[PDB]
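First comes one chain, alone, set out as structure tokens in the form deposited in one PDB entry.
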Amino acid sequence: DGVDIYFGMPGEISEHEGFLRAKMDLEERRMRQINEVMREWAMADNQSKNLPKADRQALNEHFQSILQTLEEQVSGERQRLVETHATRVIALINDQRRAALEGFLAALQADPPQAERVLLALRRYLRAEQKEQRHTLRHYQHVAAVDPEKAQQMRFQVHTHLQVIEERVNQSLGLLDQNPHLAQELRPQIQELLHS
């Protein structure tokens, strides 16, 4: 048990599919649990017809109470599943940006800087930043789609976050300006990258 948890999911399974599969497993599990309670409650109603009012009310309370507990478990469970997935999603996006940055840095500090290697490492970096931009836009778009009130609250935060991403791209590109010749050479192509 604790050992299976340690090994976690096999690398063959992506975070996304592993998340969906876990999500589906819980959906099916909760559906079963709910149906069992609903049936018990149905059987109880059939039997209870000829019992005192105070007893029928107590019986109703008993099942309503079991469902409420079940509702809270389904909700708490979904929330944990959601936070775990969102945490892993952002973590990987940060890791990819950082790894791409180290690569861009390496290509710029090569004994004799190769325009090709530098251009490719920069492309990778700029694509990592783009992914975070899209992640940021998509999250906000999502909240506005299902919860307008919360969307208005994060508005300024999104605007700022997007500027933070843009300044990083400018700061990272400034690393290329420390080499006028190289910069002038790749300018037209980089412009194409930043434009797309």
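Positions refer to the first chain, counted from 1. Note that the rigid core is defined as the largest set of C-alphas that superpose within 1.5 Å between two forms. Compared with the form deposited in another entry:
Here the rigid core is superposed between the two forms, and of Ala44, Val169, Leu137, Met31 the C-alpha of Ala44 is the only one to shift by 2 Å or more. With the core held fixed, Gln178 shows a CA shift of 2 Å or greater between the two forms. Residue displacement note: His62 has its CA displaced by at least 2 Å between the two forms (rigid core superposed).
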Contents of the next structure:
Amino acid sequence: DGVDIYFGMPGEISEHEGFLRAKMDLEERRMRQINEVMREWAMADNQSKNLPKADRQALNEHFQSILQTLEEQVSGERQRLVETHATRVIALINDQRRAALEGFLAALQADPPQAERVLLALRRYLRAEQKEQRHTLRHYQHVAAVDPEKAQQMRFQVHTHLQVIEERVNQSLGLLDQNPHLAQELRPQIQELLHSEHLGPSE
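Having seen the form deposited in one PDB entry, could you give me the form deposited in another entry?
One chain, no partners, no other molecules: that is all that follows.
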């Protein structure tokens, strides 16, 4: 139904919950199809027990070929599900750090500027960037772990992306000079953010 497809998943359901549920639904559906084909294969096999060799091989080629078309569907579906999910996760992570940066800039320009609000907004921005850094490392680590050939294709891009994040954080930290008197009041807490709480981009 087109209207349902327009509305999409409810707001209650997170991307992660919806992903798992769709993965699970395909998995059940595909287990049923595979099981039916396997049963037919078995049933043809039971009648043909004493068949001549080449007749038995033809019976096997018949079902192997059905299974192949099935396997390729299963994997095509999977790619589509996994690409849609990966694209959404990246967008969410991009949104979280950009909205947090927004919060930080709004707090800096407040009048009278409020140290606690600025500090809080900065903690939230630094976490969001760290979430992107960990996602970049973990996805690389995961592809290395289950698909080592795909991993070699990524290295340089991963390497570049981490430098990008690191510079951007430092350029953002630099925006504290927008309110240098708030900068000075916050100096010890900033050392604490970056190194005690380990929110710094080079931790």
